[PDB]
Amino acid sequence: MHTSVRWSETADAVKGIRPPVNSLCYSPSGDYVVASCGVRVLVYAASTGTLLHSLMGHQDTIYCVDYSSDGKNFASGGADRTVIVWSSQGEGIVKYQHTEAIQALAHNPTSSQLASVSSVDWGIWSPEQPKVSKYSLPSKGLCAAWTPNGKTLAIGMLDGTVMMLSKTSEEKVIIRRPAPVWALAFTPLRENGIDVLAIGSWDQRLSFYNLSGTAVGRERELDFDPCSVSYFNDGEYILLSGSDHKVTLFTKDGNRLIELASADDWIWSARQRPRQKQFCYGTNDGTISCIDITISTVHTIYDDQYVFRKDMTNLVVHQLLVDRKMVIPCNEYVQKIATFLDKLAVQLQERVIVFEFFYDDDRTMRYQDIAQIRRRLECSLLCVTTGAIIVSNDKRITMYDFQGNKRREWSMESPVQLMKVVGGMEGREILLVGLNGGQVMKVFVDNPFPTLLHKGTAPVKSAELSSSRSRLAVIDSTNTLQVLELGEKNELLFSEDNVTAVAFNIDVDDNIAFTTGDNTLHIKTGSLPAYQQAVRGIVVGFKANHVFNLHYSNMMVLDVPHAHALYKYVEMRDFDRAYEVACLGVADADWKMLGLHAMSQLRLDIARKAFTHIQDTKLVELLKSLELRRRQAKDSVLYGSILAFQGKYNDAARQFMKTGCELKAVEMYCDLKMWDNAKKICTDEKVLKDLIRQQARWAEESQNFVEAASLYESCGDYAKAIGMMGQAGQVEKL
Amino acid sequence: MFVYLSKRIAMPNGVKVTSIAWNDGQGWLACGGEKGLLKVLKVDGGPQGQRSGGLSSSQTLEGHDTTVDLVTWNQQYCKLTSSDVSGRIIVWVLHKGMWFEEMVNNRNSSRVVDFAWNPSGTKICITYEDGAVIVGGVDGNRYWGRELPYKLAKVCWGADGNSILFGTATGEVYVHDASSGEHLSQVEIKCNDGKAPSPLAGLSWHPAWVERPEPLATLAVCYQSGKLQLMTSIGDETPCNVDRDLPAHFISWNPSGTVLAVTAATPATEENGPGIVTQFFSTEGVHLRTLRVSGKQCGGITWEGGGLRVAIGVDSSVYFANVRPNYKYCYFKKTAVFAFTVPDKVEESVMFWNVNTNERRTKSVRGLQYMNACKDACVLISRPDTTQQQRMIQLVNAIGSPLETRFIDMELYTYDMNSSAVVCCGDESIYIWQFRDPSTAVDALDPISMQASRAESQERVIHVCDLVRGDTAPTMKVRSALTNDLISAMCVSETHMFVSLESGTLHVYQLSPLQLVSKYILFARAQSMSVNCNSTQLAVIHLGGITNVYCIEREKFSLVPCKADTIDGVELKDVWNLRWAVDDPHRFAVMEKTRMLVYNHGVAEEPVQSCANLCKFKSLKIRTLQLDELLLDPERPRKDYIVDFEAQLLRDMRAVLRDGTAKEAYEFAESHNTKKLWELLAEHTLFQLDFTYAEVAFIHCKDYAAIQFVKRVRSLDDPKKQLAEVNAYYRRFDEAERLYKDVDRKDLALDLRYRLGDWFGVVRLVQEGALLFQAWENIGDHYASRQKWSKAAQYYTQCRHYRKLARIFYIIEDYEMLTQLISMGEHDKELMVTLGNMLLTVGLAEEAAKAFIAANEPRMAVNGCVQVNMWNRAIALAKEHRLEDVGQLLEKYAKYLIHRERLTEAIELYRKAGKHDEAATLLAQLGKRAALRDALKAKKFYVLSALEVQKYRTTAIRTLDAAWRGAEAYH
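Protein chains in written order, with PDB author numbering: chain C, 1 to 632, 675 to 776; chain B, 1 to 769, 774 to 961, 985 to 998.
Calculated from the structure, these hints are not laboratory results. Misleading hints may appear alongside valid ones.
[Stated by the list, open to error] Under the rule of at most 30 Å between Cα atoms (straight-line distance), these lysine-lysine pairs were calculated in the DSBU-like manner: (1) B:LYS941 - C:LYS609; (2) B:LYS792 - C:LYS325; (3) B:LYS711 - C:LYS72; (4) C:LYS524 - C:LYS489; (5) C:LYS406 - C:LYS420; (6) C:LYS609 - B:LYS720; (7) B:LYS375 - C:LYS624; (8) C:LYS543 - B:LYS720; (9) C:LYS325 - B:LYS795; (10) C:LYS543 - B:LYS899; (11) B:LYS833 - B:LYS899; (12) B:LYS941 - C:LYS543; (13) B:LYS711 - C:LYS706; (14) B:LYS333 - C:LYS524; (15) C:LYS524 - B:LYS375; (16) B:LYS792 - B:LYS333.
[Claimed, not checked] Pair by pair, the computed Cβ-Cβ distance ranges are: (17) C:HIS2 - B:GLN791: 52 to 58 Å; (18) B:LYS621 - C:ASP303: 44 to 50 Å; (19) B:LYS556 - C:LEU604: 33 to 39 Å; (20) C:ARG696 - B:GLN458: 26 to 32 Å; (21) B:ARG790 - C:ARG696: 38 to 44 Å.
Here a beta-carbon is modelled for each residue, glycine too, at the ideal position from N, C-alpha and C.
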């Protein structure tokens with residue numbers, strides 16, 4: 001887990017002694033980071049680390065500092081036997097002293113009152129109640145904790161007993177512990193009405209008790225004595241400190257996850273800044289360090305599937321093309337995951353589990369535990385297979401079986417940086433390795449000798465082998481991408497600059513996705529220019545009709561425009577590859593454009609195949625009208683004919699007179715029945731007479747005989763002129 | 001969304017209505033009235049009762065004495081709960097259309113204020129004015145009761161179902177646990193100033209988004225002042241508070257959670273007089289529509305179970321206001337596109353549907369806000385992030401593959417597109433993206449997609465105030481010159497762009513180039529606008545529900561604000577949809593209230609009863625789509641939701657064809673002369689084989705291809721085959737194949753089924769009495789392109805295409821079958837090399853070498869074995885193929901073992917291979933390197949070197988003694 005050090009402040013040593021930050025609290029605003037550094041009170045700004053306020057007034061070291069939950073005022077007390085209430089600016093209104101030096105401050109979370117702990121009795125101090133009503137105690141209290149409701153105040157004791165005196169009910173609940181209670185925590189989350197009162201007892205035990213004192217869950221055994229408790233992320237996780245000189249994250253049931261931050265000595269108190277991912281801790285040397293816990297996401301992707309880690313204990317599995325979610329609870333921290341086919345590998349602190357998912361007849365995805373390895377191992381890279389798990393550290397590659405047994409090892413000249421399983425037959429699988437010397441190799445499980453793929457100058461930090469495994473993409477430490485057509489000579493297909501991530505198409509031979517440094521995704525098919533999307537995040541997968549992308553925690557699917565490459569394939573008359581590109585799904589207009597360009601470029605072969613996607617006979621009828629002409675210049679008419687069928691005819695006639703085919707254009711205008719355009723193009727007077735007599739014959743039955751008589755007169759056939767004219771009725775010219 | 005009154009129902013005796021509740025389960029509406037009046041109607045929400053508003057059943061109920069005031073439903077068990085002023089609470093159970101009383105209760109001390117069902121429908125909360133709260137089961141078992149110190153005014157169930165919200169008479173909101181009932185939290189309020197306590201009119205949380213990553217603002221806390229505040233959680237500190245001047249009385253969420261309705265009762269103080277006014281807000285407080293009804297006092301408001309109708313209790317009657325939600329949809333290229341919301345997803349799913357093939361393509365779009373279509377392209381404007389004001393403009397084709405994208409950083413309100421540009425408008429700024437050259441005409445050879453992708457896209461941002469001409473260079477500054485009047489509506493034509501302002505001013509811009517060529521004035525602001533095909537006319541839906549058609553002329557373009565001429569014969573109210581014809585500038589369909597009023601040249605037609613949202617008007621045909629129930633099951637659209645209608649002209653032509661002469665149809669066409677008439681006439685004449693009557697119709701349609709087709713069927717001399725070709729010509733191949741079977745000329749039927757591309761039909765015709777393998781290969785290619793590997797492999801095996809088979813096996817990692825095709829490829833060359841190269845990449849060197857043997861080249865097999873480092877296999881392969889070059893291979897192996905310092909493996913290889921002298925020499929090479937520091941192993945090295953040269957004698961059946992001299996040198 002990543003840990004960010006926002007700023008650090010260390011108190012200077014006094015008379016050879018470094019003062020300790022005995023306690024610290026957060027303002028409800030969260031800007032004021034209040035800490036009790038020996039005698040001084042330090043209020044810093046969490047956004048800048050600037051000492052906003054330096055409050056004095058105490059006589060000696062104070063073990064308790066509290067900020068009221070409303071934030072308008074606070075109170076300060078400690079070993080000086082005085083408790084003073086200060087305003088927002090730290091102005092002392094009333095100064096009063098108690099008979100016993102206090103060590104724990106307890107203000108009500110639901111009111112402005114305060115609980116004072118003395119050596120024999122505990123009392124309530126309120127601004128409206130100057131008198132402190134001290135109810136007797138068996139001995140001096142140690143630490144006091146409030147419920148979120150503010151109605152129950154648990155009081156500590158040396159013997160580990162947490163006694164209660166309920167205001168309404170005379171019944172008293174005391175929970176026994178074998179170790180002194182230094183800090184007990186009431187959870188802010190009330191699951192089904194129950195309360196999780198967490199007690200960290202210095203016999204290396206962690207316990208959970210409700211208000212009835214019954215044991216909640218399983219008591220855990222730590223590696224350290226818990227000194228401070230503070231819930232993190234709305235009570236989801238609890239912060240602990242002890243002999244490991246670290247602040248460590250623990251689950252709700254007490255499982256250790258990971259140390260969140262490291263110190264040099266005992267840590268007094270660590271508090272999470274509310275509504276922010278920042279927390280502070282106080283040490284004995286006066287070293288406070290604001291920590292931005294930047295959320296690190298671990299993710300494994302194989303084909304359609306996708307896994308990440310949620311709640312730092314659960315492995316969430318997501319299927320994207322079917323959109324099926326599933327959660328695997330593990331209750332323990334995982335920092336390295338792997339997957340391949342139906343198999344998956346999870347690494348806990350000292351536990352390694354293998355999961356499998358099945359396509360059952362119930363049509364539901366379920367997970368079962370098949371392999372379990374109880375060893376503790378530190379490896380940099382992890383990869384699961386159907387045969388064996390592979391762990392890697394520095395330059396050793398340990399291939400443990402399902403139950404902790406060595407199989408094979410390699411020792412490369414320089415440490416490896418990537419570990420992926422491209423696949424292969426079970427027991428004959430391929431493992432892609434790229435070491436810092438710029439070399440990527442195919443490690444085989446059966447063969448103990450790596451196969452030579454590529455040697456490069458700069459270190460290889462990420463690389464990938466094609467779905468056909470005949471081409472290899474690889475980036476360097478300088479973020480320069482190279483694609484190599486693998487073989488006896490690694491030919492460089494191309495190179496690119498400033499590439500964050502790359503992926504190859506799982507289902508199609510040559511489609512590559514890049515993420516450039518300007519957050520601009522690129523998609524390449526062959527030698528064509530890269531389509532761009534300008535989308536945040538990196539590419540983590542590439543299926544046939546989808547592009548996967550991941551940005552922070554968001555994981556989303558892109559879409560692959562196959563028509564976009566289809567246009568460029570059409571432009572360069574590269575129609576053979578255009579058909580296969582379009583076969584992955586293009587619109588109807590794209591199919592029509594492909595067919596029209598194909599038949600314009602004399603390639604009827606793909607024109608036949610492209611038209612069986614359109615459901616429009618009004619273009620497919622054209623194809624049958626070509627073979628008879630083709631059986632028995676000649677090819678120019680195929681170029682000229684097509685433009686008319688689109689819906690415009692002047693361009694067709696222009697092409698006809700460009701190729702010199704005037705007679706065909708005359709025939710086309712004769713079939714179009716507008717004779718003036720044929721008059722424009724007519725060249726021979728015999729053609730003119732034939733055109734005009736066809737016009738006369740059309741006008742004979744076109745229900746307009748007066749013009750038909752004149753047309754037939756213009757034909758020169760006087761008998762037909764008389765025969766048509768006789769029906770007109772113009773006796774005067776008759 | 002459009003809200004229009006559709007029905008008024010007056011309950012008996014003229015008694016003022018005080019409580020209205022509608023049941024989602026079966027449409028049981030409830031009504032309460034003074035002096036113990038309880039009424040239950042059953043209205044059919046289906047299409048039978050949608051257009052007509054069918055009031056199926058009625059039933060008066062009794063058992064209450066005082067005014068019935070609190071009525072609620074329970075949909076899962078279809079139960080009713082009722083109260084009165086006296087304090088008598090009655091639960092009603094349906095049985096054979098009879099509502100039986102199940103339980104009667106009365107606290108007899110306090111007035112019951114409100115009911116509250118859990119979303120599961122198993123618990124009921126009953127509150128009183130003194131603060132008494134009771135929780136009961138669906139059966140009626142008491143869970144627990146509380147007596148809060150203060151007084152309660154409202155109640156609601158928390159969306160999760162584990163908590164319950166309460167409102168106070170002061171106005172405080174408290175969230176409690178559903179089980180314990182102890183006060184858990186108090187919700188912050190920022191809409192209220194906090195000066196004095198104020199009662200709250202409404203309190204409701206819609207649980208439709210309980211499972212969701214980012215919760216929507218389903219909460220609602222509104223006071224009697226009228227301040228409406230929307231929240232997404234119990235304690236969200238970013239409330240989407242939108243204020244309205246009118247004072248709220250009641251609120252109600254729609255069943256989908258999308259829309260919240262607020263009611264107000266305006267008295268007679270103002271000039272408008274008294275009336276019930278209902279406002280409708282989206283999830284972000286966006287004011288959607290306002291409906292005003294004449295009235296004095298409001299009794300309540302409820303939504304229909306389908307969310308398409310709202311029942312409002314006004315005075316002593318109820319009003320069934322029909323609601324038409326603003327469905328995002330479009331239609332183009334025989335493809336319907338729309339959007340819908342999955343309950344568990346933040347994003348919105350857009351569905352594309354080629355209704356000619358019923359193929360469905362689903363896209364995921366985050367924050368979609370608008371969509372439109374033109375020619376063969378669609379445009380989606382989305383808001384990828386609600387926090388920052390950036391709109392993403394995306395241009396897709398029919399299947400959904402994106403083509404272009406732009407990002408704008410300014411808040412946008414209205415949008416539209418045309419065949420060459422996308423126009424968007426904010427309050428005072430107008431963005432224009434001309435992605436296409438307007439001079440070029442979108443044609444079949446050069447569609448809009450190629451012109452959008454290939455050609456350079458120029459983008460402009462202009463203001464409304466500034467006069468624009470072709471001289472001004474395009475700019476990108478977001479000018480915020482604060483004009484008092486802002487843009488209200490917008491529309492785009494092919495050549496002109498039209499803007500309306502809230503003042504009433506209208507601007508007409510050109511596009512190529514962009515010049516403000518005219519101005520006009522209106523009666524008031526425009527809620528919506530539309531333009532005819534050639535920009536001759538225009539339609540405007542105004543604020544008051546009055547819709548008008550205005551005639552605009554190019555020569556009338558004057559920069560002075562002048563009156564716009566209005567086309568007479570068209571004057572409609574409460575129109576909620578509109579289209580224009582593609583070919584006819586005058587014909588336009590309009591959806592008004594509950595029916596459709598087709599128009600032609602300004603005159604109306606017979607109102608056709610319909611409720612489907614309008615999609616397309618082309619060639620006298622009107623294709624529209626029922627989106628009310630299609631959005632209930634969007635994942636499985638059905639073709640019966642597409643309905644085709646015809647205008648008066650097309651119906652009259654159909655009637656002419658049905659009983660009449662062809663000369664009557666010809667004179668009909670000559671009288672009217674629209675293209676669809678000529679096409680229909682020619683088609684009918686083809687169908688009854690009137691060959692001589694179709695060329696005239698086609699040439700008035702000007703279709704050269706159809707002329708060639710009818711010429712070809714004239715050349716055909718057969719009473720049957722001409723009809724078969726006609727049936728094939730109009731997509732009716734199902735009986736064309738039967739017609740070909742009639743004369744058993746399968747040589748043409750198989751050709752027809754091949755050219756159609758129905759390869760399943762090709763197989764189904766060729767199995768019954774070479775092309776069969778071709779059809780199988782085509783089917784396998786389709787399955788492979790569909791990424792269905794198993795069926796592709798099956799059809800490839802059936803057609804025996806071994807290369808594609810190898811591809812499938814390589815993809816699915818079926819190497820055991822991949823290592824089998826070597827048996828079935830001996831008479832052809834490339835396959836062996838191909839799958840061997842595939843196998844060596846996997847590392848299956850032995851089967852690859854077997855294939856290379858079948859390829860008659862084990863030299864590259866041995867090279868691959870070296871590459872996979874099967875030296876033991878490589879030496880055997882080279883020996884059995886007499887590859888005498890084994891010396892170089894053994895030298896490479898020896899050098900490799902030297903580099904890996906595996907002297908043991910090298911000497912074992914040498915002794916298994918019977919090499920003696922240079923093996924001993926290579927041993928001594930490391931022998932002296934050991935000897936120069938610690939030679940007690942060097943003497944051993946020489947000893948076993950002497951042993952090797954001694955074993956050379958048995959292996960047989985100057986250097987003879989020099990080896991022994993070297994051995995004895997370190998004795």
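Hint consistency between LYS375 (chain B) and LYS624 (chain C) [alpha-carbon to alpha-carbon, up to 30 Å]: holds (29 Å)
Do the alpha carbons of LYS333 (chain B) and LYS524 (chain C) lie within 30 Å of each other, as the hint requires? Holds - the C-alpha atoms of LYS524 (chain C) and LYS333 (chain B) are around 29 Å apart, at most 30 Å.
Per the hint of 44 to 50 Å, is the separation of the Cβ atoms of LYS621 (chain B) and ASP303 (chain C) within bounds? holds (46 Å)
Holds or violated: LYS711 (chain B) to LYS706 (chain C), with C-alpha atoms at most 30 Å apart: holds (16 Å)
Going straight from one Cα to the other, do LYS609 (chain C) and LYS720 (chain B) come out at no more than 30 Å? This hinted pair holds, its Cα atoms lying about 29 Å apart.
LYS792 (chain B) and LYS333 (chain B) were given as a pair; does the straight-line alpha-carbon distance stay at or below 30 Å? Distance ~28 Å between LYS792 (chain B) and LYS333 (chain B) Cα, so the pair holds.
Given the hint that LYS941 (chain B) pairs with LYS609 (chain C), test it: the Cα-Cα distance must not exceed 30 Å. violated (77 Å)
Can you tell me whether the CB distance of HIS2 (chain C) to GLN791 (chain B) sits inside 52 to 58 Å? violated (38 Å)
Please verify whether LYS543 (chain C) and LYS899 (chain B) have alpha carbons no more than 30 Å apart. violated (43 Å)
Take a quick look at whether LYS711 (chain B) and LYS72 (chain C) sit within 30 Å of each other, Cα to Cα. Cα-Cα ~95 Å, so violated.
Quick one, are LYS833 (chain B) and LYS899 (chain B) close enough, alpha carbons at most 30 Å? violated (36 Å)
Holds or violated: are the alpha carbons of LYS792 (chain B) and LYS325 (chain C) at most 30 Å from each other? holds (23 Å)
Checked against the numbered hints listed earlier, the structure breaks hints 1, 3, 8, 10, 11, 12, 17, 19; every other hint is satisfied.
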